[PDB]
Amino acid sequence: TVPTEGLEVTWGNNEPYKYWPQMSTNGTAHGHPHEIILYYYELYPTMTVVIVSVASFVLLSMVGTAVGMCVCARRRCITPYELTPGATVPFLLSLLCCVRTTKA
Amino acid sequence: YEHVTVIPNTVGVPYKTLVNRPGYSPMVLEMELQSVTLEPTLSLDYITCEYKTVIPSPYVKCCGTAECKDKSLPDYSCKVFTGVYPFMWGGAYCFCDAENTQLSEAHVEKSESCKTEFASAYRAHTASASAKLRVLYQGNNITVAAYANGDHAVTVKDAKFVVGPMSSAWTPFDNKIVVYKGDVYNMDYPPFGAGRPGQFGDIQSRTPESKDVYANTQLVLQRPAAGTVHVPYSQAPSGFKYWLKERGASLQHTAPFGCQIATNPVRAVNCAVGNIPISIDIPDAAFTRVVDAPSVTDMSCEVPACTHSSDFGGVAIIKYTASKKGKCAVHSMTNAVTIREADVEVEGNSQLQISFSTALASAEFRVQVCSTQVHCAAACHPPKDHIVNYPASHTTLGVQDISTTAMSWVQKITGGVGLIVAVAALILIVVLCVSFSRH
Ligand SMILES: *[C@@H]1O[C@H](CO)[C@@H](O)[C@H](O)[C@H]1NC(C)=O
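Protein chains in written order, with the authors' numbering: chain M, 320 to 423; chain K, 1 to 439.
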C-alpha cells in the first residue's frame, strides 16, 4: 500500500523500483448529482470530509438557535398578552398567528 | 541585478523562478537538482579484523618440571601438566612414566589479511553539503557545482551563483558508525580496550599497520589427551567474522528519506529534506529592455481538454497578436499550476499551444506572457492510473481546493436564517422597549 510520499522496493541485486501514488479514481465527478464526497474521499481521504461533518453539526447549530429564536418570539409575543383583562387581539393573533391561534 | 529565491530540497523536479526587473523584459529561469551530497566528518576511532592464534611447539620434559615465565604479549597464556605419557609413531617419547611434565603456552596476534579486509569504526559527527544544479540560461542547459552551505560562490557565464545553507541540519548518519568494504552501519561499538568476546570489537587495533593491539579471548588451556602429544587450546571464537554473519540491514535501506550512501569517500546523497536558498547575481547583458521585446495584444485562452496528473496532462491553446517576431517568456503566477515551457517565439496574430500540470479538479488560473495576463478556465478529469514511477512534485495542492461547480452548492448552502432570527429578536426587544428602557 503506497503512502502519499512514495515507496521504494529493492529486489535482489537489481536496481530498486520506485512507486509513488497518483490520484486514486475516476469514480468521483462534478455534475448535477453532487458526487463531490467521492472527490474529497479519494483525494485527501478522512480530510476535507470530516470537515463536512463539522460543517454539518455547525449548520445544525445555527438552525437550532433559529428555532430558539422562534420560541423566544413566541413567548415575547404572548407575554404582552399574558392574559390581559381585555383579552382581545382581533388584528394580531387572528392575523399574525404567533402562538395558540386556536384562541383568537 | 541580484535575485534571491528558495526551492524545496528535491531532485529531478524542475523549478521555475521568475525574476522581473523594471525597464526590462522579465525572465523566468528553470533550475533542477542533479544531486546533493552530504559529506560527514571522519574521525577514525579504530579498526578490527580476524585474529590468528599462535601456539608454538609445546615444551615436553621427563623426570623434571617446567615453569611459566610471563610474556608481555596480548592475552598470552600458559599452563603445565603432569603425568602425561605421550606416544609417537616409533613408540613412547620417553621412559619417565609419570615424572614427566608438559608446558604449553599461546598468544593471539593480528592477521596479515587485516591489511586487505577489515571493519573500521569512526565517530563522524557533523557534515558538509555539496550539490549539482542545472540551469536554463539564454536557452541552454548549464551545469554548476558548489558547496550547499551558503558560503561557496561560483561564477559561470558572467553570473554569480550562491547556494545554501541547507535549511535542515538533519542527517541520516550518527555520531558513531562502522564501515565494511562498501557498507555502512549505525551501531554503537564498544569502547576501545573493552572488547566483549564474540561481538564486534573483540579485537581492537589502532591502525591496520600498527603492531600494538588489544585482545580479550579467554585463552584457557586444557590437559592434553592421554597417550598423545599435542596442544589443546580453548581459543575464543572470533566475534569479528561472526558479526559479518549477522550484520543486518545496511543504512542505504534504513535511512529515512532514502539518502543513497557511497564510500571512498562516505557520502549521503539524494535525500529530500528542507529547502535551499539560492542567490543569483545576473549581469544586465542578459536583461533586455521592454521596448526590445515585441508587444502582445488580443489575448484569448481555451482548453480543449485537461487531465490533472503527475505529468503535463493539461494542454492550453492561446490566440495572441504581437507587434513583431521575437522571443517572450511565459509563466504562471499561481503555485497550484506549473508550466513545462519557459519561453516561446511570437510572430504576431497567431496562436500557440502550451503543456502544463495541475492538481485542481477545475483549473482556473491566470498566465503571464510579455508582461500581460490571460485567464484560463477548464474542468480536468481524473486519469486512470493510481500510481506512477517517475517523481513529480510540481502539482502540489493544499487544503484549500476548488470545489468547482460544487463551490456554488456550498455558496448556496452558506445561506442561513440567522438574519431573520436576529430581525425577530430586534423586533421583540423594541416592541418591549415601550417598557424596556436601558436594562
Ligand atoms: C535541456 O534538458 C532537456 C531535458 O530533456 C532537454 O530536452 C533539452 O534538449 C536540453 N537543452 C536545452 C533545453 O537547451
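Derived by calculation from the structure, the hints in this document are not laboratory data. Do not rely on the hints blindly, as some may be mistaken.
[To be verified] Below, simulated DSBU-like cross-link-like pairs (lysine-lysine); rule was C-alpha separation at most 35 angstroms, straight line: (1) 61(K) / 160(K); (2) 319(K) / 337(M); (3) 16(K) / 319(K); (4) 241(K) / 71(K); (5) 160(K) / 181(K); (6) 52(K) / 132(K); (7) 132(K) / 327(K); (8) 337(M) / 327(K); (9) 16(K) / 160(K); (10) 71(K) / 245(K); (11) 79(K) / 245(K); (12) 384(K) / 337(M); (13) 79(K) / 337(M); (14) 211(K) / 337(M); (15) 176(K) / 245(K); (16) 71(K) / 337(M).
[What the hints assert, rightly or not] Partial list, computed: chain K residues near chain M (C-beta under 8 angstroms): (17) 197; (18) 198; (19) 254; (20) 258; (21) 310; (22) 388; (23) 389; (24) 415; (25) 416.
Yeah, the Cβ is synthetic: ideal placement off N, Cα and C, and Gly gets one too.
Hints versus structure:
no.: 1; hint: 61(K) / 160(K); in the structure: violated, 85 angstroms
no.: 2; hint: 319(K) / 337(M); in the structure: violated, 40 angstroms
no.: 3; hint: 16(K) / 319(K); in the structure: holds, 23 angstroms
no.: 4; hint: 241(K) / 71(K); in the structure: holds, 27 angstroms
no.: 5; hint: 160(K) / 181(K); in the structure: violated, 40 angstroms
no.: 6; hint: 52(K) / 132(K); in the structure: violated, 47 angstroms
no.: 7; hint: 132(K) / 327(K); in the structure: holds, 29 angstroms
no.: 8; hint: 337(M) / 327(K); in the structure: violated, 38 angstroms
no.: 9; hint: 16(K) / 160(K); in the structure: holds, 18 angstroms
no.: 10; hint: 71(K) / 245(K); in the structure: holds, 34 angstroms
no.: 11; hint: 79(K) / 245(K); in the structure: holds, 33 angstroms
no.: 12; hint: 384(K) / 337(M); in the structure: holds, 19 angstroms
no.: 13; hint: 79(K) / 337(M); in the structure: violated, 62 angstroms
no.: 14; hint: 211(K) / 337(M); in the structure: violated, 48 angstroms
no.: 15; hint: 176(K) / 245(K); in the structure: holds, 21 angstroms
no.: 16; hint: 71(K) / 337(M); in the structure: violated, 60 angstroms
no.: 17; hint: 197; in the structure: violated, 34 angstroms
no.: 18; hint: 198; in the structure: violated, 30 angstroms
no.: 19; hint: 254; in the structure: violated, 12 angstroms
no.: 20; hint: 258; in the structure: holds, 6 angstroms
no.: 21; hint: 310; in the structure: holds, 5 angstroms
no.: 22; hint: 388; in the structure: holds, 5 angstroms
no.: 23; hint: 389; in the structure: holds, 6 angstroms
no.: 24; hint: 415; in the structure: violated, 10 angstroms
no.: 25; hint: 416; in the structure: holds, 5 angstroms
The structure fails to meet hints 1, 2, 5, 6, 8, 13, 14, 16, 17, 18, 19 and 24 from the earlier list, while all remaining hints are met.
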